[PDB]
Amino acid sequence: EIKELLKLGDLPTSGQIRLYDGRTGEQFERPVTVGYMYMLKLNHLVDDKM
Amino acid sequence: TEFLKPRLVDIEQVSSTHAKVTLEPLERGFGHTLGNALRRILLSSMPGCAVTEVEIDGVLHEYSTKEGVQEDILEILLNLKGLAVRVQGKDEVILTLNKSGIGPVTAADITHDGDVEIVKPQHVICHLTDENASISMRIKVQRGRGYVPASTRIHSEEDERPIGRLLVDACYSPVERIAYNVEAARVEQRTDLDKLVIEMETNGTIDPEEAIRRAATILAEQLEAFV
Amino acid sequence: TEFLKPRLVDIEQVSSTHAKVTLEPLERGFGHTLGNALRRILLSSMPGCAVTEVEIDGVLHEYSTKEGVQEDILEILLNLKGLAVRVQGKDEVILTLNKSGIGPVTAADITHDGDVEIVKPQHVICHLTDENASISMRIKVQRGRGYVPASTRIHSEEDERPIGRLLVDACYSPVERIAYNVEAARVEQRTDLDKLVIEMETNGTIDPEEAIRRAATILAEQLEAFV
Amino acid sequence: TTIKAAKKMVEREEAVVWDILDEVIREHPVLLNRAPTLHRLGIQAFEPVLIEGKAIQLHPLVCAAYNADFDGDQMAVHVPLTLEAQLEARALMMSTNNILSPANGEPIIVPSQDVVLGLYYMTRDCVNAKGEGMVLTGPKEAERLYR
Amino acid sequence: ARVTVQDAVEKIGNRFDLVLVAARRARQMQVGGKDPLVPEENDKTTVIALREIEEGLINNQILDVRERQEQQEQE
DNA sequence: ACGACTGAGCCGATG
RNA sequence: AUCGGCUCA
Ligand SMILES: [Mg+2]
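Protein chains in written order, with PDB author numbering: chain C, 1194 to 1243; chain A, 6 to 232; chain B, 6 to 232; chain D, 392 to 538; chain E, 2 to 76.
Among these hints, one or two may not hold up.
When the alpha-carbon atoms are kept at most 30 Å apart in a straight line, the in silico DSSO-like pairs for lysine-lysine are as follows [stated by the list, open to error]: (1) B/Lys10 - B/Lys25; (2) D/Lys531 - B/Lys25; (3) A/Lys125 - A/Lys145; (4) B/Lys104 - B/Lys145; (5) C/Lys1242 - D/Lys445; (6) B/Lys10 - A/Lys10; (7) A/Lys145 - A/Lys200; (8) E/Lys45 - D/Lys395; (9) D/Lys531 - B/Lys71; (10) A/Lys86 - A/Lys71; (11) D/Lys445 - E/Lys45; (12) B/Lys125 - B/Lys104; (13) D/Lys531 - B/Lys145; (14) E/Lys45 - B/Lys25; (15) B/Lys95 - A/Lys10; (16) C/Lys1242 - D/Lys398; (17) D/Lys399 - E/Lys45; (18) B/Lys86 - D/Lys521; (19) B/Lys86 - B/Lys10.
Residues from chain D shown here face chain E by an in silico Cβ test under 7 Å; the list is partial [claimed, not checked]: (20) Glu475; (21) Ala482; (22) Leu483.
Source of the hints: derived by calculation from the structure; they are not laboratory data. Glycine is no exception: its CB is placed at the ideal position from the N, C-alpha and C atoms.
Can you build the whole structure from these sequences, using the hints too?
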């Protein structure tokens, strides 16, 4: 189902896409998988651990 | 061997935020050198006008709130943070915002002062509900560069600040997005060539024009130890 | 608002080929801007004199060989490739090399012409064994920049060449190797800060010193349409 | 002029403080510990330098020597005092003696994980990529022909 | 000696008497002044004891024979 | 018939 | 400070 939704917003079915590197402004010699993810700032930062 | 020197052809204004910039002619293997090098300055650096300090009557700390207001203090600090501002002459400026009644609170409700020119006259700052209350506040705007938040400002000073003077982190850097294209230039002399198109998006606090000339100055400024 | 301006600290000569160069201080996110931008010029656009074309009597193609010679044609093409040469006036020059007998064949066995000055008078070109044979050849030297090999010279060109005129790839860039390091520099108010060390290797046709100052000039030279 | 007068210049965060710090950390090593210390490499010495934050940094190779991993971990950090303590921390406990392993005749500090894939990606054989039939004039021409 | 002490270990012999030959030598150049021989390259008295072993000098044979010298100079 | 991991965090409750 | 509670390596 996900594949068939990518062809709605037009983002490659492969999920890997072309990006460019900072430092250099020079290519990445292969498509890299990218996307949106739910992460956590779970408890105990560094501030309470040092 | 003689070096071609690239120039400006046309500036394509699309909005007070967005603008492309076309550049030709650049010799082979130079669209990658500069375009990248330009961008690296254009994000990292660049002197935009932004909000730093605020005071409000009837408020003690940021973590409290004011009656007849939908949004919280930190929320209004947060809405002030992402403001758009312009300054002509002096560096540091003190604004006065006074609005009262029902409905939203847009920036155009601040006193239009001489040097002061606002980019977005329909930006969201704060909300009001009850019609027997208002909000008066002294906001402070500054020109700097990069990101000196409130945190690094609580340890390079010892004369001490008063109560009510809250601190927003400063978003001095104006630009929010940038890229660069590498297309083939058709000059009517040589066909080997390329041309550099730099897309940008911003808050309008610095013009798309100066921005480019101002950054390449900084670039060269660094190169002055090797000539 | 004022920006830090980086300078030269020390030049560490290790050989007439190799040299590191230490640079401080550069603000955060600038060791990547210049070091890269510098290198891109330093390889692809610094005008050194190098070998391009050769003709030899009694030879048809590069894949064959000549009698009384230890080394192969491609091997002698390969030894010509990595030559050191100097030119004063005109751009393109035609040399004549004539040596005969037993032992090696160094460059000092070429006719010392006016504009022609050789850097290494004991470089290895070719070897001879039997003492009843010799080698005569017309070599061609040119000033360019970067790397236009033999391959791009056989393609998108229609001028037909004769038989015997072999092609070596051109090593115009006098520099043969380069990198750049990004280490930490420690001021007593910001710790983010860095220093730029540029390693290089070369044939000595240009000094490690001028090279850097000469390239950053070229860099800035391009930037002069935006100040 | 006293120990206490210095007790104010330290706390004031005066600049000259950090100056001396750089020449103190110069030629004065450290002990770095991970529990469980199942064996002896669980402690090693590493000549530190300064880097600001709340967080400690480390090598990714000795990752394997220690019972270690970067995911939610912690290291206590002792300091060896007497001239001896320092030098014997350099002479023995230091990481530089511990490339080979105690238990067996294999080096424990090996190219773990990522450092690896670079070399495979690099060295990996082929027959067609970008052009061929080349020669080069040493190891130097190669680097030109890549970056 | 900041990177690797492999040359100065096998000079005296082992790694344990690289301590009590250098501890004794790191002690002598910390108290009553004492001479810095191989250029004091900034460094501190920590490295110096070992650094004298890296250039053909300090040994146990040279710390129990030259302590008789400071017992022939104070009469 | 005996023997019971190595680190430190935070809270709580009575000799 | 002994015990009880609960997390992360
Ligand atoms: Mg783990």
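Verification of the hints:
1. For the hint pairing B/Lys10 with B/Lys25, the CA-to-CA distance comes to about 20 Å; that is within 30 Å, so the pair holds.
2. Among the hinted pairs, D/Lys531 with B/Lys25 is consistent with the structure: their alpha-carbon atoms are about 16 Å apart, no more than 30 Å.
3. The suggested pairing of A/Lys125 with A/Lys145 holds, with an alpha-carbon distance near 18 Å, which does not exceed 30 Å.
4. Restraint check: the Cα-Cα separation between B/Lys104 and B/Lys145 comes to about 17 Å, which is no more than 30 Å; the hinted pair holds.
5. The hinted pair formed by C/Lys1242 and D/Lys445 meets the criterion: a straight-line CA distance of about 9 Å does not exceed 30 Å.
6. At roughly 25 Å between alpha-carbon atoms, B/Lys10 and A/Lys10 fall within 30 Å of each other, so this suggested pair holds.
7. Of the supplied pair hints, the one linking A/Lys145 and A/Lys200 is violated, its CA atoms being roughly 42 Å apart against a limit of 30 Å.
8. As the CA atoms of E/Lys45 and D/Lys395 are separated by approximately 26 Å, the hinted pair is consistent with the 30 Å bound.
9. For the proposed pair D/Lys531 and B/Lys71, the alpha carbon gap of about 29 Å is at most 30 Å, so the pair holds.
10. With a C-alpha separation of about 19 Å, the suggested pairing of A/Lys86 with A/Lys71 holds against the 30 Å cut-off.
11. Restraint check for D/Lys445 and E/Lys45: the C-alpha separation of about 28 Å stays at or below 30 Å, so the hint holds.
12. A C-alpha spacing of about 17 Å is found between B/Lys125 and B/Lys104, which places the hinted pair at or below 30 Å, so the restraint holds.
13. At roughly 24 Å between alpha-carbon atoms, D/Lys531 and B/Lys145 fall within 30 Å of each other, so this suggested pair holds.
14. As the CA atoms of E/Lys45 and B/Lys25 are separated by approximately 28 Å, the hinted pair is consistent with the 30 Å bound.
15. For a cut-off of 30 Å, the pair hint linking B/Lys95 to A/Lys10 stands: about 24 Å separates their Cα positions.
16. Between the alpha carbons of C/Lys1242 and D/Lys398 the distance comes to roughly 26 Å, so the proposed pair stays at or under 30 Å and holds.
17. Restraint check for D/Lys399 and E/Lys45: satisfied, since their Cα atoms lie roughly 27 Å apart, inside the 30 Å limit.
18. Distance restraint check for B/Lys86 and D/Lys521: the Cα-Cα separation of roughly 21 Å lies within the 30 Å cut-off, and the hinted pair is therefore satisfied.
19. The straight-line distance between the Cα atoms of B/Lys86 and B/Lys10 is roughly 40 Å, outside the 30 Å bound, and the hint therefore fails.
20. Because the smallest distance between the Cβ of D/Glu475 and any Cβ of chain E comes to about 4 Å, under 7 Å, the interface hint for this residue holds.
21. Proximity of D/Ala482 to chain E holds as hinted, the smallest CB-CB distance being about 5 Å (cut-off 7 Å).
22. Residue-level restraint check for D/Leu483 holds (minimum Cβ-Cβ distance to chain E is 6 Å; threshold 7 Å).
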